[PDB]
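K.L.:
Go by the hints and put chains R, P, Q, S, T and N with the ligands onto chain O.
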Amino acid sequence: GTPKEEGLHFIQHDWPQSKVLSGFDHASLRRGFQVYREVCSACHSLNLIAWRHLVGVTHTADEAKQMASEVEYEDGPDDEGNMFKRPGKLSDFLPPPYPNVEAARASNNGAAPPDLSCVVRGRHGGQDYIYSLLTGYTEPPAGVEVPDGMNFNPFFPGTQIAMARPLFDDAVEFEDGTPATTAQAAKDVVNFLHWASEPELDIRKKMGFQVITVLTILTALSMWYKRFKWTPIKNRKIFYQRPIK
Amino acid sequence: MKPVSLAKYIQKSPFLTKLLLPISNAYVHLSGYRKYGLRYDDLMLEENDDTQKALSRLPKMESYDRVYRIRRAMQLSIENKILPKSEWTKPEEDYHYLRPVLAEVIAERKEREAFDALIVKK
Amino acid sequence: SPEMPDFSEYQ
Amino acid sequence: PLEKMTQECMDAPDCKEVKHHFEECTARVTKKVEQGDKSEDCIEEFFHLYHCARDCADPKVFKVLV
Amino acid sequence: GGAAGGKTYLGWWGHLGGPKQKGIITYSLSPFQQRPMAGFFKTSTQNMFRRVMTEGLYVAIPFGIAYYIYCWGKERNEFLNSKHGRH
Amino acid sequence: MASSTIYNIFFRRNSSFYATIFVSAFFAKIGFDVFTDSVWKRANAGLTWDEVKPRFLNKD
Amino acid sequence: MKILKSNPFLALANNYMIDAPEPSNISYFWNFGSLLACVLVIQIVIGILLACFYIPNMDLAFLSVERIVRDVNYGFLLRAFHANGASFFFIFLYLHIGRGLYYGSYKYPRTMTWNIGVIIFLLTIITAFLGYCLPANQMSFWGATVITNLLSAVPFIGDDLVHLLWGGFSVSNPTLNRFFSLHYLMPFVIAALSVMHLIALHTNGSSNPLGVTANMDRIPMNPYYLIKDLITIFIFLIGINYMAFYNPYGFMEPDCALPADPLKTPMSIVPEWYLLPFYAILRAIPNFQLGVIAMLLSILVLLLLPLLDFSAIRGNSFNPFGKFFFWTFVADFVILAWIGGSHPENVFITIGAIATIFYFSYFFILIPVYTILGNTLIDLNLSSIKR
Ligand SMILES: COC1=C(OC)C(=O)C(C/C=C(/C)CC/C=C(\C)CC/C=C(\C)CC/C=C(\C)CC/C=C(\C)CC/C=C(\C)CC/C=C(/C)CC/C=C(\C)CC/C=C(\C)CCC=C(C)C)=C(C)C1=O
Ligand SMILES: CCCCCCCCCCCCCCCC(=O)OC[C@H](COP(=O)([O-])OCC[N+](C)(C)C)OC(=O)CCCCCCCCCCCCCCC
Ligand SMILES: CCCCCCCCCCCCCCCC(=O)OC[C@H](COP(=O)([O-])OCC[N+](C)(C)C)OC(=O)CCCCCCCCCCCCCCC
Ligand code: HEC
Ligand code: HEM
Ligand code: HEM
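Sequence lines, in order, name chains O, R, P, Q, S, T and N. The first sequence begins at 63 in the authors' numbering and counts up one residue at a time. The second sequence begins at 1 in the authors' numbering and counts up one residue at a time. The third sequence begins at 47 in the authors' numbering and counts up one residue at a time. The fourth sequence begins at 149 in the authors' numbering and counts up one residue at a time. The fifth sequence begins at 2 in the authors' numbering and counts up one residue at a time. The sixth sequence begins at 1 in the authors' numbering and counts up one residue at a time. The seventh sequence begins at 1 in the authors' numbering and counts up one residue at a time.
Just chain O, same shape as in the assembly:
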């Protein structure tokens, strides 16, 4: 359709995980998880990732247990009906800020913060689109005005996002010590969201190399064996002794 109603084509970058023999950047993964928890845990829900997933990837088991033991969950019936809260376990999912979709709609005007579990894989561009959307907030050009409750963002379809600028300068304190600019933080969040979309990337890319190597060797052997066996037919000689009456 019209360029205004379809958005601006995303920019292209290079990520460590886009190569043929490269995994993730786990330090960036941990920093992105920290930024997620300290920023977008307030409204965006990630109710498809458990605390046990982060064990051995971004956190140790003791760290995961200690961090999860601070969230209060709701458990099954007591000895006489009732429902009693729990200090949290290592087998629960991350807490959703809202109890249902209608509460989310009521809180944020009329919008609905989408779940972030599988958003990177479900958008036309993935990491590039998400990063450009995060870093692409600019003042509107002359002639186009934004009504109250909307923001100008060229990368969004229609150039009308319902969000506000989520990542300002120095919003989080990184444990490693890197400065928290709007560029570094967005990159780390994009990396963490991509990991949350496909947590199985490393094992898949590790198996594929050996599979491809063995299959290539087998094909190279087959191409020779066929030529070996099909030899006495491709090199026949036919002579015609004319049958004189």
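Read the hints as simulated data drawn from the structure, not as lab findings. You can trust all of the hints, since none of them are fake.
Where chain O lies over chain Q, by a calculated footprint (3+ residues, C-beta under 8 Å):
#1 189 to 196
#2 199 to 212
According to the in silico footprint, chain O covers these stretches of chain R (three or more CB under 8 Å from chain O):
#3 63 to 71
#4 74 to 86
The C-beta atom is built at its ideal place from N, Cα and C for all residues, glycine as well.
P.N.:
Then chains R, P, Q, S, T and N with the ligands, alone, in the frame of chain O:
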């Protein structure tokens, strides 16, 4: 059902034949069945009763030559190659040798079919 | 009958 | 960091024709709106200029983002 | 067995339903005596070159025309729904 | 020795053929696993959780 | 007598795999039957395991698939392999159909084989459409809603068959249950039809590129054609393994990683890529019933090919006009798929209409005319040689 061709109405008018000779030459060169040392009548389909009966009424020399030509052509097609330009089917040898027999068989069958359907119109 | 075709190329 | 480099690429000689078109926009469209007409929106030129600037700037900054 | 089957055009070994052959001598060697990878590259290169030079345009023309109209259609459709296209 | 002894040992009877096939497969699996492990470990330097451990948690 | 020629089961195996007379010069384009059979076997075997973790309910279908993907041991392999094998099935089906069409394998003695293949193709299309609706994705739900409404074109009992199939008033739990059951059932019927396909073909043998009889130089299947298939098997394995290990969702549209929201209306509603040309054909006709009729005819016209091909020879190895027009038609098919993929904008609808007109003209006007012209030209040249 059967192959069809406007190969006689054009022959009725000499001017059309004179105009269409070069195009036919180019088309027959482009077909490339002569590059395999074959003749045109070899390629005709033989799976019905008429052609099966016709192939059993050829002279023995023609049948043997056809068998050798087909076998050599398939042997060449095995290795994806063609004969040198010297051993190509010359135009003089590329004559129609199966059409008259098929025509005779079709005429016999048509005569029997005609006798089959009859009526009495007093 | 002809002579044996030369197969020495493929041997 | 990204904003400064994008602005520098905007003023860089690499993207100057789209900037010229955007300037002619700004002048004409501002005159039109302050006259009292709301019918024209050349967001396309802003798209072109921003795409040029981002393509110029992003690879430079992305390398030192560690 | 029997069962008096129908009529086909294949038969089996021994009686393949073909015309009688005569005077067709055939020689072949043993796979253990011949040499694979002998003359493969030369013959394959010549065959590929001949096939490219012979068939060639038969595939070249329609695909090229289709690609040209594809590119023209994409360009024109992008232009028309833009600002200046609608006017 | 020569080349007839090799044929006499493994490639003489089918029973002495399948056993060689299976043993060679068993060894080849281990060889390929070691190769891919080494190449993947060499590919990623300073990019896995084991080599970023001291930076984050050792400082507590 | 050999045991393989005596025991009835071993005799059945031998007559079809060990000692079967075959043409001695069939090219590498005759290797796709075994590829299709192996792909079907892989699909069935993998689907049997995939059915062990799937809950067929509209409210609980997406979470089950996600649990398969990220919780079961090596479940991602199962999901990606099933999807990519289902995709490769149609590539090999199109290659098989193209091979059959180009070399004229539809003009007797093998015409029952062609009809059985056409029926198998129809059943495969239906099975794929049923299967891809299961994961309850956004395009799955919306495309199911769009496609299932096509049954309303029936004059009398129309708009009632749609409700009977839906099992209600919209796509809900009963629809998913029925679709799961039918998708489970159909592949076995497809396998039986393929067995009948092979049985029908066996009674007359296969063709050859030259188009002439091959009852003079025949060789047995093994080991001459049991090894030529291994190379293609391994190449296809390489392709599918790369596609499943380095880019699993590479054939998949970006609007398929979201739960089905029955209020969110997608910008473009399109089926998968292998069914795209028929969707392009359907949207071309302004009328509704005419569109459905044309879409069905686009697949049912393959049965009429034997009775409108007036050629004195079989195949296209010695017919330049066919060589030109076949590739032109293939390009038209690709362009039709491309047009079906994109938006229905200004120039695109005109291009699609032109492509549909050419596609429906190819099977009615072009073929008899050029075959007759070739016959006439060859006969005219042959009739003036000695003169
Ligand atoms: C010229 O033409 C030719 C071709 O082309 C060249 C060909 O194509 C072919 C055709 C050749 C064929 C391959 C024939 C078939 C091909 C077709 C014609 C079409 C395709 C046909 C098919 C559909 C193939 C048939 C496959 C079927 C029916 C389904 C297969 C299903 C499975 C294999 C099961 C899957 C496995 C699962 C899900 C679980 C398995 C069970 C377990 C063991 C799991 C573990 C459970 C336990 C541990 C439980 C405890 C176990 C017990 C009790 C045992 C303990 C031990 C005790 C002793 C008690 C021919 C003949 C031909 O001439
Ligand atoms: C029946 C359905 C259609 C078929 C479906 C495909 C079935 C694939 C499995 C069987 C493949 C082999 C079929 C039988 C071939 C055979 O005859 O085996 C014997 C050959 C040796 O036979 P030879 O080549 O003539 O040499 C003579 C050797 N002397 C006697 C001198 C000692 O020795 C060999 O061939 C050994 C190599 C092959 C043996 C199997 C080992 C590799 C496969 C392991 C299992 C993985 C397969 C799982 C997936 C199928
Ligand atoms: C693979 C791991 C190592 C596994 C290692 C253990 C596997 C078991 C070892 C033996 C397997 C084979 C069993 C039969 C052995 C045998 O000696 O059979 C000989 C005959 C040969 O047949 P014939 O000599 O040509 O004809 C005879 C007809 N008369 C003269 C009697 C009228 O009968 C024939 O063979 C006819 C050939 C066709 C019938 C046999 C087909 C199946 C053979 C394999 C069966 C076992 C497969 C097991 C697969 C797990
Ligand atoms: C002000 C509350 C709020 C904040 C803080 C917030 N989000 Fe959003 N987000 C929303 C809402 C509401 C929408 C829906 C916007 C719309 O549909 O127009 C949204 C939309 C999105 C989308 C969907 C974009 C699309 O095209 O569908 C993504 C991705 C996203 N936000 C990421 C983030 C990230 C990353 C952060 C942390 C840097 C963040 N959000 C912080 C509330 C928030
Ligand atoms: C016994 C045979 C089969 C069974 C039991 C089976 C079962 C299933 C199941 C349970 C799913 C759901 C996937 C999921 O939940 O993630 C599925 C998906 C699918 N199936 Fe099958 N199937 C079979 C054969 C086939 C065949 C023969 C085809 C095509 C010719 C096919 C094509 C598909 C497709 C396209 C999908 C959707 C792809 C996706 O979910 O990403 N299946 N099948
Ligand atoms: C979908 C459309 C199909 C059509 C139109 C079709 C038609 C045909 C025709 C006409 C032939 C003979 C060609 C010749 O002799 O020159 C053939 C061969 C064959 N078909 Fe099919 N068929 C189809 C699908 C299938 C399927 C699904 C399978 C197996 C699951 C299959 C298996 C085979 C086999 C094994 C052969 C013989 C070997 C070969 O040609 O590769 N076919 N088919």
